[PDB]
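Residues per chain are reported as follows:
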Amino acid sequence: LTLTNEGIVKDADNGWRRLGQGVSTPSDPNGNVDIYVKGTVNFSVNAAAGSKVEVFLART
Amino acid sequence: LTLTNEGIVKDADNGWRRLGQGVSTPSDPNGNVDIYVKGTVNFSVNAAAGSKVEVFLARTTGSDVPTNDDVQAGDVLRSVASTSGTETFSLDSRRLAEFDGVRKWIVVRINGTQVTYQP
Amino acid sequence: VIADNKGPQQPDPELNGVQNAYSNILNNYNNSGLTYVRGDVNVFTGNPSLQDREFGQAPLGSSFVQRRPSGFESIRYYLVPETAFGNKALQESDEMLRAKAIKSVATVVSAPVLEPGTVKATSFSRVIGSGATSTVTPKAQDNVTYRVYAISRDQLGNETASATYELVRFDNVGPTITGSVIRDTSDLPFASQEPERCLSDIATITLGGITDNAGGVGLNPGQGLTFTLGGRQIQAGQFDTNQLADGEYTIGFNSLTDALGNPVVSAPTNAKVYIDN
Amino acid sequence: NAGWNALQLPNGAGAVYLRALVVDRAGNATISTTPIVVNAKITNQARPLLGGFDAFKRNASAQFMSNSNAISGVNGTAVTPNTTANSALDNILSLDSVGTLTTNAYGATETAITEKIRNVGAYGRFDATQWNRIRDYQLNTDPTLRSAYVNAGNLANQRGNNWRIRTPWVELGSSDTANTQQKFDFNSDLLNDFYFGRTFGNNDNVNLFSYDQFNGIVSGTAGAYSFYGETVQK
Amino acid sequence: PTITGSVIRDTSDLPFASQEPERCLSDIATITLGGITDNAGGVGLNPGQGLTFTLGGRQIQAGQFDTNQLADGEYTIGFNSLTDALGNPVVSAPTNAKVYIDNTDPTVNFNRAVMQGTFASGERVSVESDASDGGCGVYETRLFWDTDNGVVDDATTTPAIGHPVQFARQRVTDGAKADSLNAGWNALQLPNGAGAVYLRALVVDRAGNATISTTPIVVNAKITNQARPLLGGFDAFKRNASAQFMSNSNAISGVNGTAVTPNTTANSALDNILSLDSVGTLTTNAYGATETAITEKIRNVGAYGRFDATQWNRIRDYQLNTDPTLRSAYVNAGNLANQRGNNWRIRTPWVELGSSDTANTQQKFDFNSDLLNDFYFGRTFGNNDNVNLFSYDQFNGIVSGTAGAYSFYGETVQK
Amino acid sequence: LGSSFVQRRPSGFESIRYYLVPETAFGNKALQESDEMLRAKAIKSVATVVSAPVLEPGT
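Protein chains in written order, with the authors' numbering: chain A, 238 to 297; chain B, 238 to 356; chain C, 357 to 633; chain D, 712 to 817, 821 to 948; chain E, 531 to 817, 821 to 948; chain F, 416 to 474.
Only chain A is shown next, with the shape it has when bound in the complex:
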């Protein structure tokens, strides 16, 4: 979800974007930078040729 010249993210039903956050007041500031995803997103995994590859959600 790239940023347009207008200042908002492009229109799409599915996508992803890396976002930084921070939270504070009253607590001391604590932040996180994470990949936020919406809809159905495609991913790629690299491995050596001929290797068995398995992908799980959450738990193996």
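Hints are supplied without guarantee of correctness; some may be wrong.
What the hints assert, rightly or not - Dumping the calculated DSS-like pairs for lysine-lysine here, alpha-carbon to alpha-carbon at most 25 Å: (1) F:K456 x E:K628; (2) B:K247 x A:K247; (3) B:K247 x F:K459; (4) C:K456 x C:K362; (5) B:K275 x F:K456; (6) A:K247 x C:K362; (7) C:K444 x D:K948.
Just so you know, these hints were derived from the structure itself, not from any lab.
Based on the hints, put chains B, C, D, E and F in the right spot on chain A.
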């Protein structure tokens, strides 16, 4: 709020000053140096040219329901898609009056990734 | 990864007038829930307390103690002609679907508002301009009834549409007045060579009228303009010309604006008549 | 795949059934059910308080009434389905924000640990007559039940176990934060989104293909909830 | 033939008078119209012939005129040109004054303290409100906290007061189109009690258009909050007189031997003093302990002046039943009536005069005032006549501790 | 709860000043009484004899 020759701060409805404190007796001394603000104060943020800049009060997200602390759309102090190198915004010190006398942070986000804080 | 598949809370559009020379506002017209505007109107969000969803306490053992949605990003305003909603196949339910439907049939679209604005301005203010005098963009069209919707979107682009809309119409054209004439109807003792120029004794006057443009707000009820000849007030019908002195005289009229205070667009020129008794 | 915020009556333990309704392209419909148990939280000790509410035509004015956790008949301001583009004939369901509160909370250490209001949602009830027709067809009349090339007993068992339910509530939207008039308000033409070309093309007989009740649910962070609404004049 | 200018001015003070009674206009106005006269020694004009005047699409006559018949915006009084008996045109025309008609109350809402659960007594609450007006602009904003809602029986005071009590105020100098009031309130509650408290924002624009918005919260008494603060003797008396203390805690007493009356003059001897004895004033709320008691202190001793009941009743009646805008043909008379019936059905407010604070060398918490309402006499609006209507009818005080418990005292004003 | 300090830490007491105002100046009823900050502004407006601020309670 500069100091006059007479020994008190100049008269103004809005302003800021950096103050050092200490507290003790009976406890061991503990001190803090903070920027105290009253009224509506202007601030400036520096960023690279062409960078999207957002400024929030307290939280960028993550409302804390149990402590009755929320993040709202109105808490955005400033937001510009493109910047020429610097941005100027305004803060009303009376916002979030629950935190009178304790620290509250201003959050600055650059390009949606880089986050900085200022108490 | 973190998942965000819900848009912010629904923004409520709200209308306010603009204080300048060329703008007037009526809130409710003829009990139709319609706001009539001349010049500029100000559209803002009535509840800037809205936050991005989904929010609350995280499940036990989570990476954070609270849920951290992508977070509120922007608000935008959409003017959609009422006639476009004659197609009942457009979606209402599922606020994301409603937002898509609104985007489908939008005609006047404002730029997105990223900030609530300064203290002196309203929350996420935008100005809609109309008429020739206004220089505010974007410009809507006259004689069209618009629904005003607001759409709020978060940092990932999830959108939600307003639970309610506003009904607005524009009118920036003033009334016009038709011509009036006076003619000689007294032949005794001998008829005038031209009743249009030479006049004597009893005369007949037919007076014009003032009407607002078709489809506009209309004139104020029970209001009609008055006519004068020379130094006297004149009513339509028979009039004794002996009541005023001799010389050249022309029929004059006062100017009235419409319900929105639009000045008269076109006024006629009446004939000059000489009275010789 | 979806998420549901669990709701339950205060200080109660119950069974809640999650149902999935799926239709194919010839109008073949199925329902599957899975049960769960919901226990009220420790904080969940009272239903949220409700202010006055009313459903009225957009060009009219509200006449609020106090009928929390119930559905009221047609009051002085009737609501009817609007088949035209005329915005004056739309329907508004409004709830007063002054009387709307949640008392659920977790003195404490100088700061009260509390529960907030999470959602104010607007729903339109599926028409009872149309739903009754569909249910009767799925239970007794479908010709497939008497089909010679089907297991008439397996099909009847699988339907008698999933289609013996009351008329559904369709999620129209969320009223959310209160407006400048101190109201949670929602606008609709009271036309079922199953029909009129939104999902299936059904136009005639507006009585059968329009909501018979305009309703709302107020739910807090503790999981407590209350409901209100008015019958549609139709 | 000479023609004189005409003037239209605002003469409708309810609910609040306009800042500029000849620019911004609201409700009923008074129009004085000029006339046409022929030059001296001339023929003297046609007989029984006069000018007709219009104001932006309506024909207007001299006298009382309801501005609700016109849209909000800028207008000028107009007239027709009439010639003399010999047909000489008009020689000179006056440029009549430009006026603005605004019959629309400001839009007001709360962003903070919404969709609420509960607060604890003694903790600060962030209260944030926004107001806007499209017409003549925002002028004055006040914030109140109230215990009771939908009650109009004045002249009564519940153990929890039951009247709106001011805790914040703000004024806009330039009449800007929008403003925001952000404040903090220290939550108060009866001991070992849980209740609903309504925060109200009252906003007036420059023609005297007034609105009220409400948001509810819940306040729970703290664990330490177990008793109301003890009150010593108190009395209200003239400055040159002497006190006659009485013991009437959590109540308001009638006129005692020492009357208090509003002072319209500069004579300092006629000022009024409200005094509370510091010897009997204590809080028993606390959290033996480990050689040091964990306790609650007294936080504030505040002095208030009650808004006059008759004037408030007049304003309330105007906002509920009499305002001409309610019968206006260009308004939603049902929406407006609903939005007012839900916010203006409140008792007369209490105006925050100040804080008595620490005790003096006489062991008293004392406050001095002339008992003139700060809404009037040029402080907020210019209202001078009838001192009875525009002066406080009660001189009151509140003692509040750190635990959030509170008690109130005061005396009726003799007036 | 959770604050950076266990108690509120206001900017802290600085000074006290004394103002002599002629009684006649209070014939103008438009001067503010309520809202102690407004009262201070009003007093400063019509002050004639003003003492230097006192920073210490003294010996």
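Hint-by-hint comparison with the structure:
1. With a C-alpha separation of about 35 Å, the suggested pair F:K456 and E:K628 falls outside the 25 Å cut-off, and the hint is violated.
2. Simply put, B:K247 and A:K247 have alpha-carbon atoms about 50 Å apart, too far for the 25 Å limit, and the pair is violated.
3. For a cut-off of 25 Å, the pair hint linking B:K247 to F:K459 stands: about 14 Å separates their Cα positions.
4. Our distance criterion of 25 Å between C-alpha atoms is met by C:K456 and C:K362, whose separation comes to about 14 Å.
5. For the given pair, B:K275 sits about 17 Å from F:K456 by alpha-carbon distance, which is consistent with the 25 Å threshold.
6. The suggested pairing of A:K247 with C:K362 holds, with an alpha-carbon distance near 16 Å, which does not exceed 25 Å.
7. Taken as a hint, the C:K444 and D:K948 pair is honoured in the structure, with Cα atoms around 17 Å apart against an allowance of 25 Å.
Violated hints for the displayed structure, listed by number in ascending order: 1 and 2.
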